[PDB]
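S.K.: Produce the complete structure using the sequences and hints provided.
Protein chains: 2
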Amino acid sequence: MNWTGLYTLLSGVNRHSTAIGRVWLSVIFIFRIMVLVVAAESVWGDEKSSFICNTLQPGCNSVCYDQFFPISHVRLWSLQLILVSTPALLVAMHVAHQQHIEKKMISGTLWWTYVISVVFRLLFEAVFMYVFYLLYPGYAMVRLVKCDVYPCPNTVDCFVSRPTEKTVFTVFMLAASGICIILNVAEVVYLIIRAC
Amino acid sequence: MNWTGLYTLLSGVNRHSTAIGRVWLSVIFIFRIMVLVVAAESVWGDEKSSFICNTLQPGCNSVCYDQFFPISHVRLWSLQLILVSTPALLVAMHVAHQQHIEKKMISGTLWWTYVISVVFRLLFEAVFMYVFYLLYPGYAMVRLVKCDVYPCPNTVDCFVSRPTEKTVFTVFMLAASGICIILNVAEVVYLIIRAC
Ligand SMILES: CC(C)CCC[C@@H](C)[C@H]1CC[C@H]2[C@@H]3CC=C4C[C@@H](O)CC[C@]4(C)[C@H]3CC[C@]12C
Ligand SMILES: CC(C)CCC[C@@H](C)[C@H]1CC[C@H]2[C@@H]3CC=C4C[C@@H](O)CC[C@]4(C)[C@H]3CC[C@]12C
Numbered sequence: 001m002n003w004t005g006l007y008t009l010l011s012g013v014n015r016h017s018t019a020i021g022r023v024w025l026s027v028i029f030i031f032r033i034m035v036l037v038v039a040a041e042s043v044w045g046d047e048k049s050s051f052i053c054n055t056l057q058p059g060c061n062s063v064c065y066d067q068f069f070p071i072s073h074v075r076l077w078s079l080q081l082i083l084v085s086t087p088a089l090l091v092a093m094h095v096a097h098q099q100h101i102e103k104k105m128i129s130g131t132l133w134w135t136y137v138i139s140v141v142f143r144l145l146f147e148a149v150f151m152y153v154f155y156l157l158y159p160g161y162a163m164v165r166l167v168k169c170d171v172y173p174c175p176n177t178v179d180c181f182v183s184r185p186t187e188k189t190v191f192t193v194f195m196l197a198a199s200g201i202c203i204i205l206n207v208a209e210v211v212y213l214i215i216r217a218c
Numbered sequence: 001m002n003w004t005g006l007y008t009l010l011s012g013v014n015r016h017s018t019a020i021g022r023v024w025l026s027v028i029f030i031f032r033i034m035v036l037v038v039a040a041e042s043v044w045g046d047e048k049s050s051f052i053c054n055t056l057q058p059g060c061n062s063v064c065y066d067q068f069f070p071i072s073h074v075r076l077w078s079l080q081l082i083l084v085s086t087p088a089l090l091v092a093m094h095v096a097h098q099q100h101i102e103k104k105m128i129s130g131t132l133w134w135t136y137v138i139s140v141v142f143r144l145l146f147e148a149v150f151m152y153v154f155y156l157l158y159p160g161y162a163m164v165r166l167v168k169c170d171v172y173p174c175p176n177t178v179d180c181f182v183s184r185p186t187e188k189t190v191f192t193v194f195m196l197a198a199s200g201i202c203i204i205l206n207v208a209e210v211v212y213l214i215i216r217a218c
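Protein sequence lines, in the order shown, are assigned to chains K and C.
The first sequence lines up with residues 1 to 105, 128 to 218 when you count with the deposited numbering.
The second sequence lines up with residues 1 to 105, 128 to 218 when you count with the deposited numbering.
All clues given are correct.
Covered stretches of chain C (chain K as the covering partner; in silico rule of three or more C-beta atoms under 8 Å from a C-beta of chain K): (1) 53-62; (2) 168-177.
If you anchor each label on the Cβ, the simulated ranges turn out as follows: (3) K/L166 <-> C/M34: 52 to 58 Å; (4) C/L56 <-> K/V37: 35 to 41 Å; (5) K/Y172 <-> C/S85: 48 to 54 Å; (6) C/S50 <-> K/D66: 30 to 36 Å; (7) C/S72 <-> K/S78: 57 to 63 Å; (8) C/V171 <-> K/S78: 42 to 48 Å; (9) K/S72 <-> C/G45: 47 to 53 Å; (10) C/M34 <-> K/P173: 40 to 46 Å; (11) K/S72 <-> C/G160: 47 to 53 Å; (12) C/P58 <-> K/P173: 21 to 27 Å.
None of these hints come from the bench; they were simulated from the model.
For each residue, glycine too, the CB sits at the ideal point set by N, CA and C.
M.R.: Right, dumping it as structure tokens:
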């Protein structure tokens with residue numbers, strides 16, 4: 001777990017990444033993973049089991065939970081991290097492949135593919151930010167929700183588990199994601215400026 | 001239980017009552033009592049115990065039953081019979097009192135008090151008919167009712183016991199009451215005509 005080994009691993013052995021991309025982006029990425037790990041099973045572990053509705057209708061609990069939580073926040077963030085990390089993984093594999101072929105026997131190609139990688143990383147961050155806004159308007163969760171989907175008769179009151187703690191972690195993850203967007207834009211601008 | 005004894009009892013030993021008042025009104029009165037007796041404990045016995053609402057809210061069953069049944073049909077008819085029978089009871093007691101005092105020792131007074139008795143009997147019938155319409159619009163009861171009174175959350179579905187059988191007896195009692203109103207009006211008109 002040598003510091004130089006961890007730095008080499010996270011940097012992806014890329015010769016075009018700048019200081020922000022090799023230090024700040026990696027740290028924020030680690031921060032999001034650690035927050036997600038400590039908050040996934042602990043806070044969102046009983047999201048559905050503890051979800052109850054004030055009714056005697058069989059199946060109203062499950063249908064109301066599905067109505068109000070089409071996809072859990074933890075899974076949404078997990079997908080966001082995987083999708084955001086994919087272009088970095090592709091660049092790392094491409095660099096390793098180039099090292100392999102040159103050992104068996128370019129700089130502009132590496133520069134261009136890195137820039138495209140950062141652009142796609144920024145694009146994925148923006149898309150997931152918009153999707154999160156679309157599914158869950160606002161940032162705070164409420165204790166009581168009004169559910170009227172079939173088979174629930176009329177409108178029933180359903181209660182969410184730990185809405186305040188989930189709100190706190192939602193703010194943390196959203197703030198970290200916003201910082202990643204800002205750093206990615208700065209990285210793109212810095213690369214373009216240095217290219218001239 | 002001699003027929004002449006029952007006839008003397010029901011007639012009230014009144015010398016001004018006509019054939020309709022001494023035969024038809026008494027028979028319909030007996031009919032209402034018999035219908036009420038067979039339908040009071042059997043049909044309306046479990047009106048509240050069998051009344052259930054699709055909710056987990058404690059106390060919603062009792063509050064919803066009170067909201068939709070301010071007073072049961074059986075008790076409403078029981079009060080109607082007592083109130084309708086009161087002027088007949090007063091006349092019978094007054095006749096007995098006059099017999100008592102004359103034995104110890128008028129016809130116009132008996133005629134007038136009988137006419138007033140029939141008028142009040144008609145008035146009570148009309149008032150209870152209007153009250154029944156006011157509390158229970160229409161004649162048929164429904165299986166499912168929508169209740170939203172506190173503490174029930176939002177609107178809950180509550181289910182009535184034997185709404186069809188109660189509807190049948192409601193029609194019977196209402197029809198008998200309407201016949202009593204018609205006979206009372208006929209009695210008043212006949213007495214006035216014979217008075218001239
Ligand atoms: C600058 C930032 C974005 C760098 C992010 C680096 C991420 C994308 C890279 C760094 C090291 C990578 C890990 C290296 C090895 C493995 C083992 C494999 O069997 C599963 C994937 C896994 C666990 C990789 C997941 C992606 C990973 C964590
Ligand atoms: C022509 C129609 C309206 C006549 C109706 C007669 C009714 C009003 C009269 C006839 C005989 C009466 C009953 C005679 C005796 C008693 C015993 C008493 O301890 C309670 C009331 C009770 C049970 C009376 C109730 C009223 C009664 C039923």
